[PDB]
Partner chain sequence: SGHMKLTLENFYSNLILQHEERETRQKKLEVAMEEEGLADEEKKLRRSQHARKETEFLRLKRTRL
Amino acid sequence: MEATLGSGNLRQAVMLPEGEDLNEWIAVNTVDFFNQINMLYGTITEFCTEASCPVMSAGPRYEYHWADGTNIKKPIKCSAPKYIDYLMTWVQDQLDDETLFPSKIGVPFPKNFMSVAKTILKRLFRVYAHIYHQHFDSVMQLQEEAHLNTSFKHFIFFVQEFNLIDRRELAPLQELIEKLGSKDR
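May I see the structure of the chain on its own, in the form solved without the partner chain?
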């Protein structure tokens, strides 16, 4: 596919820089994908409504109901816009949590960091899946497909590099994922 005009080599971009800490690298990248997705979803919010998306899905057979096991335990079957708002607000709350993503160098990453990072990442994946399945038309109208595709490719190379999401969670975009990159024959 076509990459954005300003993108670089994504396979190299996701590798852990020599001398850098793994937890910190995942933290920096996770913050970045949250921003990339926030940016992309923002461009199509007027096309993702209560009426266009009465439920959160990535194709009919993959429906998502929101729950975070703390504030909301009983899964909520809401519209995509509300589901994504719940989701992104939840991810942002984790990112702003000083005990999870330490703002001070004298504070180590918590023991459950990786687990929290993986949970964030698997959830962010769902926004890409909904966008591709329900709004690729609006993406094409804005002529921003390169941005969505490059961001998604970057995201997938990153999670594959560190095995951060299990294959099964990626089901709705597995075909696309298998097409990413290329066999050198």
Contents of the next structure:
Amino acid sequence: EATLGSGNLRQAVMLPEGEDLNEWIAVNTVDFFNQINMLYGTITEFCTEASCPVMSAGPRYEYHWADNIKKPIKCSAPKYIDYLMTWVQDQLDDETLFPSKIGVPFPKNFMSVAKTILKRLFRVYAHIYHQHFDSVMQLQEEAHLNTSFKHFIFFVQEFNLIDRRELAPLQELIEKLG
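Requested next: the structure of the form solved in complex with the partner chain (the form solved without the partner chain having been shown above).
A lone chain is what you will see next.
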């Protein structure tokens, strides 16, 4: 439904002429991380071990926590998201993944790292929309969530950062933006 403005988000996600694709993906990814943990932060009271014993995205989707050949762990939504956000932040702080020093290149596998981060962030939106949209409304933050999400989706679509399959829990919503 509602968005914060009448700005053209499709154009705003586009790689500027002469810009470095890796740098562009990196700056935008940090932005989305920040947004999503702000947004989740506002409903964190309503997301409990009681309300959300699994990391759900409607009845068809149940995410299990994993990073190593490690066996994925079935866990509550607050836990899953805690683990996720800590993990993402740690990547963002890693100089070998996200170099800070001017002139220093991104690693060989950078695209893979970004994609991994972004597909995980997506899961947080999915949980919020399916399970906590009541709280969102209550807080009158539907315009804020919707705009953030719309932006996110356009970005990941533009740069082929998340597979259609991965977006499936929100396909209807995404199509409406289509």
